[PDB]
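We begin with a single chain expressed as structure tokens, specifically the form deposited in one PDB entry.
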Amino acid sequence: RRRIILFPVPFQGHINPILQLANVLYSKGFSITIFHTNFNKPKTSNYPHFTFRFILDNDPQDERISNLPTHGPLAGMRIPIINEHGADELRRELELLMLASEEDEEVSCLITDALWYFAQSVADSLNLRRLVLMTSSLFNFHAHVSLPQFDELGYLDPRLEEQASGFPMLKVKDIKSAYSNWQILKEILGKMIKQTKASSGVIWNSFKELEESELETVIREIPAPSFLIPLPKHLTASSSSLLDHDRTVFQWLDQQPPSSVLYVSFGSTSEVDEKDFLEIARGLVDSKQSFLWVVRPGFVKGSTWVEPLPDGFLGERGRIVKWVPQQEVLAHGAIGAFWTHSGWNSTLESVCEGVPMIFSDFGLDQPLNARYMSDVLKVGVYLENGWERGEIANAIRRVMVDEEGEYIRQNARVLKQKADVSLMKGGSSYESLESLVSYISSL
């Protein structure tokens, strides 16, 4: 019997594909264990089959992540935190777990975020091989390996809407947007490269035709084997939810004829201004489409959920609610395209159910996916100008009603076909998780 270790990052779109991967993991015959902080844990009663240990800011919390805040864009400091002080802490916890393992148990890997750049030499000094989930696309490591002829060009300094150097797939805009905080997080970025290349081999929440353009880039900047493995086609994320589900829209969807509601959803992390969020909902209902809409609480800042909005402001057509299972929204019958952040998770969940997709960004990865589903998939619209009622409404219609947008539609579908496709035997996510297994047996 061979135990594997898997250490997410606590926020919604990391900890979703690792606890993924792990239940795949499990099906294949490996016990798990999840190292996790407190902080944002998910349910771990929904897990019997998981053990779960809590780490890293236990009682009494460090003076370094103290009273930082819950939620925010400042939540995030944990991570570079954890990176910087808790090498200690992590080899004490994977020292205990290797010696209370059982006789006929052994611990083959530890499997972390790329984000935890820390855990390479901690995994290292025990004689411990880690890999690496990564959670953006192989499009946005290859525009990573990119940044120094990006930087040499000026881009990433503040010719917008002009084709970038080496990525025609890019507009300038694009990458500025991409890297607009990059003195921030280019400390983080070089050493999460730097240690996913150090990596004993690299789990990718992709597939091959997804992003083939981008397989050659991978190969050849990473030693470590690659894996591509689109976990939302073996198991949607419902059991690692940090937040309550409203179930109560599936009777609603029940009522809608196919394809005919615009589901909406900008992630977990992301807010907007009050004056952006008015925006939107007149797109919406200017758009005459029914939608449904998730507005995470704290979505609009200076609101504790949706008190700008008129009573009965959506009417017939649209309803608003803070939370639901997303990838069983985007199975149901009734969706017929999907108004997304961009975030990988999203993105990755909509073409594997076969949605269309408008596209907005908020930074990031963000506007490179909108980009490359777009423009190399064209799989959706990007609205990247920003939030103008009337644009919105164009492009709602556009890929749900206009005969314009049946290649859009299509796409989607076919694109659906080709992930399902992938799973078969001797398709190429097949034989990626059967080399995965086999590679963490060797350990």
Contents of the next structure:
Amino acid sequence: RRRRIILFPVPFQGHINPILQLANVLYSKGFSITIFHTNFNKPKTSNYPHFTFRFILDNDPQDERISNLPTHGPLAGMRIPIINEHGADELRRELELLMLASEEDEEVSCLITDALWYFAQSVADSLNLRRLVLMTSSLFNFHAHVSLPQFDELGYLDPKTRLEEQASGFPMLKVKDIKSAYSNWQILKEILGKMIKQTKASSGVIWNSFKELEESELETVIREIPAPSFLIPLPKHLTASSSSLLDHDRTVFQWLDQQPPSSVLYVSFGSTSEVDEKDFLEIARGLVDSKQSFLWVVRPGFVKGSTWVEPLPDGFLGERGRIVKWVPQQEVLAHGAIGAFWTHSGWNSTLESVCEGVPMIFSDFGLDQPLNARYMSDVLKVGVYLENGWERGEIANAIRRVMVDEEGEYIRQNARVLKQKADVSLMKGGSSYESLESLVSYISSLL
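Right, the form deposited in one PDB entry is done, so what does the form deposited in another entry look like?
All you get below is the one chain by itself.
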């Protein structure tokens, strides 16, 4: 192959997934693929015989800052600022030796990194290597981020109570959404600033989205980011099953085959989300009160003070519920049994659900999640946002609204229609197809 692309993921599930979907889409367009990855949280390389992996940054000589960090929880993510602050020299050496050791008929066209690797911009620049960025969060989230200076001056960033009102200058959000999203503003201000700055300075931004999903946000991206933006809905191309870091339960499909069509609520609150025991029990009570069948992925550590789901009484989630640890999520969402998805509103999950035409119930645990929940619930109207905590009646009502009630037909139909828009976008002539054609041509032009 004439042209090689190097991709550099953030080594967590929500970041490795999109970047290896992208790598596949690019391989299909005729690029060879090298993945630069930490040893930490590496995917299964035997799932990718067509890719070359090069492991970097935490190899066994290994700096003292990255040694001793836990492999899971919230502290595992301290690898990100550490690598941003200390990885530049090594990333440069690794890139250069690959650029030099390439064939006569082969060239390295570009580096694609996660947006959180803001340090890679200065490194790629120093090699005259073009860096493109993969955003793993939505265009709307970005639009909210660049509106922070106006939120600050309106005094929405102070923990003042105008919580239920539309935000002035940003009518799609309520003040509470902004409060929730930017609950650690003063803390994360500097690092978020760096990610934005270096994304703006990149050679192109690939968004895991499609035009017809976030059409209100496209002008912001054209205005605020001088580099070209490309929108590709990765889950429409292929699922992320090959980049799973955990063993799929898979016995779920036998259970799903015993369920009537559209009768199952899929429930998953996210990789690092945490609840008090009180709220965990309130969620379970909500699920039982809904009377719907459910498949609930609970990650160990979801319930504060418990290893897994110990506070649940025996048989409390009777015949119609199943709790598992891990599934091939998009494949589950594609299964005919699934009627809805109660999500924490992480962007991959949200987008997978959209691409599978599954309507949603939204909870959030901050960051971009309340913004995704607000946009999907109030703008697209493909789900119901439980935006006032956890209360069994409200939960049960939301589940039933989406899965059963005639009054929620609009939500179900909107989800079907939005899937169709995603499918159309991929076909020759569609917005994503053309965005991908432009990306391929753009990358091929960079030399």
